[PDB]
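Got a structure for you, questions after.
Every protein chain except one is present and positioned as in the full complex.
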Amino acid sequence: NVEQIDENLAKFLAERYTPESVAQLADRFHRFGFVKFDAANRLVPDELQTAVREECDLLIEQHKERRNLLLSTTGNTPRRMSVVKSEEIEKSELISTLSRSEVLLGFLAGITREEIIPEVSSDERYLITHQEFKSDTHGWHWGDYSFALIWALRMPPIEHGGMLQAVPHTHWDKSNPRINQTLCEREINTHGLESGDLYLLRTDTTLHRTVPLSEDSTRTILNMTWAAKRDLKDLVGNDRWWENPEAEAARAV
Amino acid sequence: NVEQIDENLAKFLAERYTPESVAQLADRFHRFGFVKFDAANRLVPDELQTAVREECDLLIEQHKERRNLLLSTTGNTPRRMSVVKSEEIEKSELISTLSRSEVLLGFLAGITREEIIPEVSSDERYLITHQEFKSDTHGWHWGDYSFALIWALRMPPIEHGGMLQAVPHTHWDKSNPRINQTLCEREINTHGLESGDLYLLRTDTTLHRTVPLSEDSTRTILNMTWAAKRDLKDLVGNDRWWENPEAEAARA
Amino acid sequence: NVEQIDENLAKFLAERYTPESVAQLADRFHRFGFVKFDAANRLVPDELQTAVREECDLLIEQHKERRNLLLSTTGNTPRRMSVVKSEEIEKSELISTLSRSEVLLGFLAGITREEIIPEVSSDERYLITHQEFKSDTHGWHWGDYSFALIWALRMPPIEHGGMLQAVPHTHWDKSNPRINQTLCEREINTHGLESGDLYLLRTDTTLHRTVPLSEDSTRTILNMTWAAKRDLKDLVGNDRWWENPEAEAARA
Partner (left out) sequence: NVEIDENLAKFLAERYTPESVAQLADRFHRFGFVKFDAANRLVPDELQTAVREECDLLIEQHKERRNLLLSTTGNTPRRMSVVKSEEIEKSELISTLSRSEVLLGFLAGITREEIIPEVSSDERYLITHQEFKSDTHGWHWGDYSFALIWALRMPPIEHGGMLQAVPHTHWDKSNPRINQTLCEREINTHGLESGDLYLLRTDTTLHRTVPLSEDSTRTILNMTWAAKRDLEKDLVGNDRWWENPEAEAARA
C-alpha cells in the first residue's frame, strides 16, 4: 500500500518501455483508436491486477445491476449486461487512487500524445460490466470522453464472442448516430481479448461494441474513463443508462 | 416470354456495359469477392426483376419453412430465417431458365474471369431466404460452390440491419471454421443493400453473413448458385441445413 | 480587398458547408492525415485563388533558388526543386494576412478538431516549391509542425508524377527516420492533385512525399504552415534546407 504502488509501477514500466517503443504505441493508438496491453505489452504487475480483479469481483457480488435496454442516442443499439455504478466503484481506495496515478497517466500520456485529465462526471469515472448470458452485448457506441482504460478481467473464448469491434476516426452525433451506415462505409477492426489483457481506447472518435455472447459465458471488464483537454463541454443526450436504467434515451426490449 | 428474354437481356446489357467497364468490375470482384448491381449499374430490366419477385413471393407463400438452428460446420453460427428449397424453386420456368441463361452467365463470366458452370447439386441450385423477425440472420458461413448471384428482392432500412458483411480471400474448413478467429485477423466489409439490388458473391473464398434484424422487418433474397471448374467434386459436412432441417450439423 | 476578404470568405464557406459535413471532413483528416479541397469541396473563391496564384508566380521569378540535395534527417531523401523563402513570401500582405485569417483558421479548426495557431518559426511560416525537371521531387519527410495548408497552384498531369503520397499515423525520429522500413509495414496512399486544389495535411504525423516528375513539367505549390498547441518546442536537426541550402543535414 501507500506510495509503494507508484514506485513499483514506475519500475515495472521502466523495465519494459522506452520513449522509442511508446512512440510506436502512440502511432498504433492514433491509427486504430486502440492499443492492447497483452503478454507482449504488459501494463501493470500481476500482483496489482489480481488485487484489482478481486476488488471488482467483490463489487459485482455486492452491487451488480442487470441492464436490458436499447440506447436511442446510439441508434437503439442494445445494452444487455450487468453493471456496477461509478459511485459504488469509487469506494475502492485501490481502484480510485490508481485511476488518478500520475505514474500511470503520465505513461499513457505518451501514447495519447496529450495530457490525460482525471476530471470526468462523477457518474462515469468508473464502470464494471459483467455479461453472463447468451446475446449479452455492449452495443455499438461512442464515449462522451476521449479516453478509457479497459481491464479485460475475464474473457470468454473467442469462439463464444465477446471481442471488441472498433471503427476509428468517427464521431458521435446523438441526434443522428448513423451506426449501420458508418459500418457500410468503413472497415470493422475486430480485437480479440484474453483474460488479463488491458487496452486503451480513444472512445470519443472510435465507434465500438462488444460482439454478443453466443453462449452463456462470463465477460467482465473494468472501465477507467478520463478526459482530454477537449472534454473540459456539456453533457447531453439523457442517455446515461449505466447510472440510470430508465434514462430518457433508454428503450425497452 | 421464352427466347425473347435472352434477346431482350442481351440488348439491356449492351446499352449499359462494355468489356472495359466489365474489366473494372472484375477487378472489384477479385478484391472484394463481391460486386453490387445497384441503380447506377442495373443487371436485368425492371420488368424482368418484377417478374422474378412476383414468382418468389408466390413460392414463399406456398413453401416457406422456418429455420431456427445453428450450423456446427460454421462455428455454430445461427440460421434464423424461413427458406424455400431448391426443388420447389426449380419448378419455376422463369427462374430456372434465367439461371442457365447463356446471356446472363456469359456476361458475369467477364466479371468472374472464368467460366460459370450451372452444374451444382440439385438441392443447392436455388434458395430463397425470408427473414421477418427481430434477430433473424444468416450467420457467418462460406459456400460449397464458387459463385452465387443474390437478388436483394426486399431489404429493410439499413438502420434495421440486414446488411451483408464479408471477409474476402478466406477459405472454409468445416472441421475448424475459425470464424471469430478470422474476424480478429481480417477487416470486415459491410455492404448495404436496397430493394431491387443484385450482387455477385465469390461464396467459397468470401466469409459472409447478413447482419441480424434489429426488429421485425422483411428481408427476401433469391440465391442462384453456380460452380467453377474447381467445384465439379463431392459435398461434405452433413450440413445442408436448408434442405434438411435435421441435418447432422444442425443444432437447436 | 482587405477586410472584405473575411466577410466574403465567411459568406462563401457558409453556403457550402454545414457542421455535419465538416465533421465528415474531420474524420477523413483524422484517418488519412489529409483532406483535399477540390471542385467538390472548394475552400476559397476563384477570385481569391487567382490573386494568391498571381502573387506566387511573381515571387517565383524574383526569388527562385534551386535546391538539389539529400536531407539526412529524412533518410537522405532527395529535395530536387526550386524554393522561395518564408521571409520573402512574408512581404506579400495577401499571403501573410490570409495565413492568419480568423475565418480561415476558424473553419479548418473544425477539421483538425483543435485550435490552429499561426505561431511558427519565421523561416517556415510560408514556402513555395517549384519543380520543373525530370526526377524533381520533394522526398519523403515529415513536418516540424502539425498543420500545413498546401495550395496546389499548378499541377502537371498525373502521368508525369507529382502526386502526394502519404502514410498517416507515423512520427518523425530525426535520428532514425526508418522511412523505407515504414513503407514496408504500411500502405502508401497516393493523392493525385489538380490545378486549383488545396489540401490540409497533418505534417508531423504523416510521412509524405511528392512523386518525382517523370519528365520536365511544371509543379508549383504554396505551403502555409501552422502550429498546434503541441508545437508551442525546440527546433532540432539542423535540416532547414529550404531556408539554408548549406544546412548540416543537407548533402548537396
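Order of writing sets the labels: A, B and C. Residues in every chain begin at 1.
Definition applied: contacts are C-beta pairs under 8 Å (C-beta built on N, C-alpha and C of every residue); 3 or more make two chains touch, one makes a residue touch a chain.
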Candidates C:158, C:236 or C:252 - the one touching the absent chain:
C:158
Where the complex has a chain not shown, which of C:39, C:40 or C:184 is the residue touching it?
C:184
Hidden-chain contact residue, picked from the options B:54, B:93 or B:114:
B:114
Contact with the hidden chain only, please: which chain B residues?
20, 23, 26-28, 30-31, 113-114, 168-171, 173, 176, 205, 229-230
Listed in rising order, the chain C residues that touch the chain left out are 75-76, 135, 158-159, 161, 163, 165, 180-181, 183-184, 186-192, 211, 214
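Simple rule for what comes next: only the chains that are shown with their structure count from here on.
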Just say which it is for the chain contacts: an open line, a closed ring, a star, complete, or other.
line
Whole-Å separation of chain centres (CA-atom averages), chain A against chain C:
37
In angstrom, rounded to a whole number, how far apart do the mean CA points of chain B and chain C lie?
47
Two or more other chains in contact with one residue: find those residues in chain A.
none
